[PDB]
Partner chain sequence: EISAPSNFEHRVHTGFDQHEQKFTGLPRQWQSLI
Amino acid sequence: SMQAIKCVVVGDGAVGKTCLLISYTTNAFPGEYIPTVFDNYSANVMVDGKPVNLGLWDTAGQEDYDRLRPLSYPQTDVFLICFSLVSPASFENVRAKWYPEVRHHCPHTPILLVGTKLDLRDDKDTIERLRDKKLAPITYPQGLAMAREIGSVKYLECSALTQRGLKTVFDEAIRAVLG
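Now supply the structure block for this chain alone, in the form deposited without the partner chain.
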């Protein structure tokens, strides 16, 4: 027994959940091949001088799985609720959909709020695209405020593509369970 930790990742379609898991576990961002299946990834992580077995559970974010997806929730040690920093709709869904759904099935499990696609937040074409819809990328203070609102233990931002902040997401996830 390496200590085992079950981590489940949830959030809207296209927020980057699968890329996040693959980039983390393989140290490589998927190119033109992102698994469509909702797999479980097994990673090992050193925490305070001890190896931990992190099982990472990908989920489908579409409405069609609203009855099937929660069957993966039992025995979860920590949830990651993901939204894209460059999709305000995905951010609103953290409060509207994901927080309520997780808490319906798992009242006490820690939640980390994770803002993805960090590399796009200061990307000009992305800012302009959002400005056209009277919108702007989600800022760190906004994400932090959403994290408090949903009782998250931690708010993190990362990019699966550049890997900036990626390892911290899962270190903090583990520490939320273990210390």
Contents of the next structure:
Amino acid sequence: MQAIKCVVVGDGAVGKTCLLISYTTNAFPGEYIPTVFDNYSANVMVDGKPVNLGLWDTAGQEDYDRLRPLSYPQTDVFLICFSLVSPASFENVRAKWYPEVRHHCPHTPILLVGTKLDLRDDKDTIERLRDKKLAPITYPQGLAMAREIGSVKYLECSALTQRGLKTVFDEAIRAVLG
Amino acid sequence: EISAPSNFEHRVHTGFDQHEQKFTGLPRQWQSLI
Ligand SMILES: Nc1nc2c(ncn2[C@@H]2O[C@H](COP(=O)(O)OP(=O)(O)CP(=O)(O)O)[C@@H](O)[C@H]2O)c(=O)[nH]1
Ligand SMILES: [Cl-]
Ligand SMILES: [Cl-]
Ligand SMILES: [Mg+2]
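How about the form solved in complex with the partner chain, since we already have the form deposited without the partner chain?
The next block holds the full complex; its first chain is the one shown before.
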């Protein structure tokens, strides 16, 4: 059976675990529990052929910076994630995640993933962002960042509503298998 | 086309013990590395 190693990285609180668990199990986790490291597997049928999708759920916590790269050898595709309602997580795509990934895997494809799309129009979120001199990241801004890091695809999704969710993983798969 | 995923499996669940400052449930391959 074909197999794909997909590794997921990004800041704390961005939604990496909810994204993986919502796609694989169709449930949105009820509790916010930061990850040390987890590995999930799921089967997917791709053009009639079964494919084994291996998912490497990494720690956004800086304190686990030395554990994180142990996931990287032989990776087939990276999802670098940031929250569409955290400018700081987005700035860290450039500042931290792209450089770290690319240092360990100089030619592995990267998909840029904007998470929490359900919150970009949440008036309270917008207001509290505005209070801190911030605004949600827009599609064009996301796409510009993706182009700058040489990503194969920029995708937006919500783990909570599953809008755009399957597409993230479908594209990740097509990025590796064609 | 690409189907919905099926047959989820949680293969590895790693934690950290603050008393010993040691990881717990490490992938068997990482035990010589960390
Ligand atoms: N509104 C909304 N909230 C989300 C979404 N995805 C995750 N969250 C919320 O964001 C927080 C972080 O989610 P989590 O999946 O744990 O993030 P993570 O990136 O795995 C955190 P770590 O890197 O520490 O494991 C939680 O409060 C969770 O409920 C989403 O699509 N929409
Ligand atoms: Cl692009
Ligand atoms: Cl969308
Ligand atoms: Mg997590």
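Positions refer to the first chain, counted from 1. Take the two forms, find the largest set of C-alpha atoms that superpose within 1.5 Å, and that set is the rigid core.
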So which residue among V153, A145, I34, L135 shifts its CA at least 2 Å between the two forms once the core is superposed?
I34
Fitting the two forms on their rigid core, what distance in Å separates the Cα positions of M46 between the two forms?
2.1
May I ask for the C-alpha shift of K17 between the two forms, in Å, based on superposition of the rigid core?
0.5
